[PDB]
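Trainee: With the hints as your guide, set chains l and T onto chain k.
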Amino acid sequence: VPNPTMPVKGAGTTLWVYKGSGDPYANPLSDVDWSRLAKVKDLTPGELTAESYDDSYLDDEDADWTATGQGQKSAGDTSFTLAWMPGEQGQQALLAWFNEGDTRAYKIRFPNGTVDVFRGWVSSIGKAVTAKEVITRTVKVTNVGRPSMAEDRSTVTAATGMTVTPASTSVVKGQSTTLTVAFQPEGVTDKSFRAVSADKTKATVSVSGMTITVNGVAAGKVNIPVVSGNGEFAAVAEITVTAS
Amino acid sequence: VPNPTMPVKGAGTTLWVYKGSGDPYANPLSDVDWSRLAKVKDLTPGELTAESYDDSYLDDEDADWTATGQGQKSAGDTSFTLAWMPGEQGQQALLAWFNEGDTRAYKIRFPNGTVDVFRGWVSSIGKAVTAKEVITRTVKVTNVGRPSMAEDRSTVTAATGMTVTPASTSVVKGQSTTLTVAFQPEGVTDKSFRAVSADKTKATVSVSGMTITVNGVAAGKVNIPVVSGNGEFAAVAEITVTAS
Amino acid sequence: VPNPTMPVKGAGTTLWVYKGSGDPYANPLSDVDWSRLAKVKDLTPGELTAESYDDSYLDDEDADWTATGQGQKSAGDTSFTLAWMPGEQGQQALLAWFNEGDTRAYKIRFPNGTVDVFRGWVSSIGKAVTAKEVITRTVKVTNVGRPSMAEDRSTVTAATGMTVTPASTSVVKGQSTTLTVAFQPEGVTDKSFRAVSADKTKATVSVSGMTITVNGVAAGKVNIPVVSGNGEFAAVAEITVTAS
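Chains as they are written, first to last, in the entry's author numbering: chain k, 3 to 246; chain l, 3 to 246; chain T, 3 to 246.
None of these hints come from the bench; they were simulated from the model.
Treat the hints with caution; some may be incorrect.
Calculated from the model, a selection of chain k residues having no Cβ within reach of chain T, i.e. all distances over 12 Å [said to hold, decoys possible]:
1. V19
2. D25
3. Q72
4. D118
5. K134
6. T162
Here are some, though not all, of the chain k residues that point toward chain T, as calculated from beta-carbon distances under 10 Å [unchecked claim]:
7. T7
8. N114
9. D154
10. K193
Cβ atoms here follow ideal geometry from the backbone N, Cα and C, with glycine treated the same way.
Excised from the complex, chain k in its bound form:
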């Protein structure tokens, strides 16, 4: 249904702020570590610009027509207003973003499956208060550096399938077993995953570089659920732990 080669109606556009660590430009399709800013009244994305450089000399024969070239670009000033909910995270995190000069990353997800991720700092925090109308919070973010347009991530293989094969063996205290995850639907993929223990007590799990290490902290039958990327697919594995 989402066709990036046909015009879209604009309804359903979504805003997120990178609350995690690492490279936000790498895999922006996944929603992991992206806090959503809900109840967006309106959004005006930033406009990439360019300054003009005067490229004229005295030796240049004739000067009837001006000659110019591209200069600095300076993407900036993405603004938006959303419903005012002072006690909800993402809006509190927004004021935290304003209160220091942090240059954080934020992404705009469009209804046609494309993402535009910018990176900037908050330069304006306003509020409009009128009767018989919901109080709105208005934000403006000055963008720094080169952004990541949706015209760059034009590959998208869509994945659609993974498997999780665990050891599923008893593990003695102090030893780490390795879980296997296959995320190769014909090889090329554009998604990540995270695994989190369902009890957090009998075992401790760690996912890094596709490597899943599970340690049998306490005896029992621990269940490790894994969810891929934003959460299109998931799986459940079991690991026994023996007291001996």
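Mentor: For chains l and T alone, kept in the frame of chain k given last:
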């Protein structure tokens, strides 16, 4: 019932000025040492803004784009127009506040149980005389220092109040079972989750209304993983589907 | 049928960008090495402008008025807003053209058989998101050098293809006689004429429908001179009017 996590309609917003001698930011909720500015025609809260600081150098590898940082923050000016009642206290106090030019504190009480408290000096006093419409006094206050927004005194709770209890029964074709999630770490919670199946072939999942619904499309044993927040907590449910 | 000598309604104007390696001004009509920018919401062509140059001296006799001359010409900037299709070629090419900053050629094909060709660099890339309305990408291209207007490749013919044949008969009172003129020097000609009588008393003349008409108000021999263009060609007609 005020709810800071839901949008509010702005009607009923009140304006107060500090006539006490303590710390205005200490207990803004209490209206003990505050004078209400009654009969406010309309209000426009001050807008927080920060200027841009150039953060570029001659030896910077890349210049094709501008590098900037957040500079000095300002609290703007709050402007409110209220009915002219010169004979009442509160307007004489406002006129004296403008007249002797001291930096006083004031606050805005929204229909949310929250309050935004600023500190500033009156930079404009105006009037509007016109027949058939009430005489309105318009005031502009330039804010100084750092404001104490309603996001400052909000509270977040992450006391591990996540629990999951499924139907834990045998579901049939054409009928969906329900799974309940408890999110009460002493009642107050601020975190959400995401629940999905493990294969999406034996059972189809749907999360709504603080609840999970599982449709037994195919017989067998199916696994439903749930992950809370950013992967701090998880749960695994087992659902058996029979032939009928 | 396109007709450059008659006004056109502007619907169907197409935008193209040069992806070849030849001379863009050589054969603009051929769309061989050109890629179309489809789904153009609206277009604003660049405006040619030239600044003023003060052409006055101290020893100038008269100075009650200002003497100025044409200075340096600029081609302005062409701004077009078109539907956002990030996944299609042509918009990715546009984004790369903005990003790497070279001066590329483009053209506008009017519903006239004519075409305007410009050379410039993209100085602005924008977007507009709003519900119930298509997402639009807005582009601004600053033009450089001398542009190639559609008037550059127009052709004029003055091959002396003027001929005049009257009815050369006897006209009566109350009846009007016709006279024909040929302007076909192999077909193409843009030079007009003017036809009138020599006394306007024996016969009254009227030119319309690319045809002369003579009303025989009075009997006798009357002379009708016709002059083509700026006096390069002429013809003389003799018309006899009888008593009846």
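Trainee: Run every hint past the structure and note whether it holds.
Mentor: Tested hints:
no. : hint : result
1   : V19  : holds, 17 Å
2   : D25  : holds, 20 Å
3   : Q72  : violated, 4 Å
4   : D118 : violated, 8 Å
5   : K134 : holds, 22 Å
6   : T162 : holds, 18 Å
7   : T7   : holds, 4 Å
8   : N114 : holds, 8 Å
9   : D154 : holds, 8 Å
10  : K193 : violated, 19 Å
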